[PDB]
Amino acid sequence: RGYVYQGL
Amino acid sequence: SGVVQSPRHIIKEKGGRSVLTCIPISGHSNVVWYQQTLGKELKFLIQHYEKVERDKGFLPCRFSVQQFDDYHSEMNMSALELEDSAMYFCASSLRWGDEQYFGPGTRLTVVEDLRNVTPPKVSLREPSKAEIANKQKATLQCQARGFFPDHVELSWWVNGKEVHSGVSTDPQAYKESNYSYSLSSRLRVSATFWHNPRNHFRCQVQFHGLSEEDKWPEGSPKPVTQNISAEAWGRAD
Amino acid sequence: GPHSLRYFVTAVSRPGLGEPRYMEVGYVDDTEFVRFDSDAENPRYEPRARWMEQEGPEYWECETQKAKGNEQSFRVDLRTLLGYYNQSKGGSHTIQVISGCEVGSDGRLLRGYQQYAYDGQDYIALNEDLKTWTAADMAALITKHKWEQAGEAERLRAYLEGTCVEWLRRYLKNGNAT
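So the protein sequences, as listed, match chains B, C and A.
Just so we're aligned, residue 1 is where the first sequence starts under PDB author numbering, counting upward by one.
Just so we're aligned, residue 2 is where the second sequence starts under PDB author numbering, counting upward by one.
Just so we're aligned, residue 1 is where the third sequence starts under PDB author numbering, counting upward by one.
What the hints contain is simulated information worked out from the structure, not anything from laboratory work.
Just so it is clear, CB atoms sit at the ideal spot from N, CA and C, and this is done for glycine as well.
Some clues are possibly wrong.
To be verified - Some but not every residue of chain A turned toward chain C, in silico, with C-beta under 7 Å: (1) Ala150; (2) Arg155; (3) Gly162; (4) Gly175.
Stated by the list, open to error - Examples of chain A residues lying across from chain C (beta carbon under 10 Å, computed): (5) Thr31; (6) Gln149; (7) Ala153; (8) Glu161.
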């Protein structure tokens, strides 16, 4: 589906 | 301070329904529910940010959570099964990506039959005379058996004071039968201490049983949440 | 045979010339099937295979909202890494992220990976155990700490074990059917 990337 | 979780101990019969609440830190907008089984490894359930979903992981369709206007999140469990018997944690970061703070965690155990729930039977066995004579360190074994399920927290109390030094408690409760467990813990004490007849020893066993909402089939005392202790004075010889 | 589903994420930075063009590309097995491209007159997820065109219309809007959200965070990250490395305020930069899980023919998870990259060099990656990280330099040492304090390892692990495999099973069902 797709990853919900957050801040690094 | 700290983030609150409640209720922390619930016995629900198979095919039931319960709700888990979580009061996050004040001002914290991102809340996240974590399922941890009685086995190991941490399962990510779902995370909410500012009263809306953000990422869904392992949360089954049977469970439904939501964030309110007070930012506090409730997990609504419907059609419970035995595989859902686990511990559930609630972390509450300020924003997404910031440091998260876990709650106390709440223990849920799903029983097949509510009538099998039964408080423990505790007993205190004094140390063997050969042990105090040879090793010179006495050992007070405490045997709590016959309880179900294992919502137990055993503690040692000397002279009306809780103690942790020199006690050894079994980490996981040994299951004797299908519907009855047993847990043991031994406290080692020096010979000069145990021989003093003025020192009071006590091994209490906390037991989180049924709640008041669950009807109890009559003809039996209700296994409510309660702690039963076995005490023994020191004996000189 | 063992099948796989993987995503490539590119965030090329251009300073002054424009905004960082950001694009996601999705490969099932080895055949690309969806793509997002920031540089377009009206950007949204597009299918790249006739079997992906069968997916519903809520899918494309639900993913585009997520894809746009990932663009905004990576746009901040390009600024965030420059403070880690002391990079010139005006320089071109690129972040590449590959994410995917490959399953055996039994449908059980064989391995799952997520590898961040910076300017063609490795930065950080999820481990074989799916709970720990391996940082490559002092800046990734800083990023590793932020993800441990945020519990990021569990959100990625649950995605790899659960959402990636379930979605691979649905994707492969459409490809085999059409």
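Taking the hints in turn, this is what the structure says about them:
Hint on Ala150/A holds. Least Cβ distance to chain C is approximately 5 Å, under the 7 Å limit. This hint holds: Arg155/A has a C-beta 5 Å from the nearest C-beta of chain C, less than the 7 Å allowed. The criterion of a C-beta within 7 Å of any C-beta in chain C is met by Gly162/A, whose closest approach is roughly 5 Å, and the hint holds. About 24 Å separates the beta-carbon of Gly175/A from the nearest beta-carbon of chain C, more than 7 Å, and the hint is not met.
Interface restraint check for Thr31/A: the shortest CB-CB distance to chain C comes to about 27 Å, outside 10 Å, so the restraint is violated. The interface hint given for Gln149/A is met, as the beta carbon of that residue sits about 4 Å from the closest beta carbon of chain C, less than 10 Å. For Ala153/A, the shortest C-beta to C-beta distance to chain C is roughly 9 Å, which falls under 10 Å, so the interface hint holds. The interface hint given for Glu161/A is met, as the beta carbon of that residue sits about 8 Å from the closest beta carbon of chain C, less than 10 Å.
Checked against the numbered hints above, the structure violates hints 4 and 5; every other hint is satisfied.
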